[PDB]
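2 protein chains.
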Amino acid sequence: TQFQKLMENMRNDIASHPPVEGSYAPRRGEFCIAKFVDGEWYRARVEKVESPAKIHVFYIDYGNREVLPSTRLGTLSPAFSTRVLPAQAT
Amino acid sequence: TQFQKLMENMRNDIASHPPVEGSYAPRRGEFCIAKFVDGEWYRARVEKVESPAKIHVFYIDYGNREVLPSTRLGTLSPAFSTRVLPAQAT
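These protein sequence lines are chains B and A, in that order.
Final position of the first sequence in the deposited numbering is 97; the numbers increase by one with none missing.
Final position of the second sequence in the deposited numbering is 97; the numbers increase by one with none missing.
Looking at chain B on its own, in the form it has when it is part of the complex:
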């Protein structure tokens, strides 16, 4: 699937240009990458900023949510944006 292909490409790119701590600042409505409980990165969207340790995100390709620290968020590179592949949730 296009989703599986984007995830392979994105995760290879992230492993090659690992997010730098503090570089990405979450803002409501922005797309980003989020590191899920499995240790893997996923495309996400920031929904609410409660605290630096508590950012509410939506995993745009999988349809679920998580509250996680800023440290587990990074910049979504334009190569893997929703301009390239729309959100795949459902």
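Because identical chains share one entry, a pair is satisfied inside a single copy or across any pair of copies.
Listed next, the in silico BS3-like pairs over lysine-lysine satisfying Cα-Cα at most 25 angstroms (straight line):
| id | residue 1 | residue 2 |
| --- | --- | --- |
| 1 | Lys55 | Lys42 |
| 2 | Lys61 | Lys42 |
| 3 | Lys12 | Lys42 |
| 4 | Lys55 | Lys12 |
| 5 | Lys12 | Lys61 |
Bear in mind the hints are in silico, worked out from the structure with no lab data behind them.
Fit chain A to the supplied structure of chain B, relying on the hints for placement.
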């Protein structure tokens, strides 16, 4: 039955404080509540995290497994934990 009484009390409590999307994050070996195909909540344990939409759980009072999204999982309140009544799988 002890099981019947705990389920009633647990479900009444869940209804008073429904799980909030994103609040509970699944991790292997943790207990949680899981919403089965009958629309009812059951005690469960996380066995494997495949993706945000695919969490492998074991229904600890019934002995079956299901793969379900994070949205259908919630925190198991201490009042209904295995410290209160052990896993009842037959």
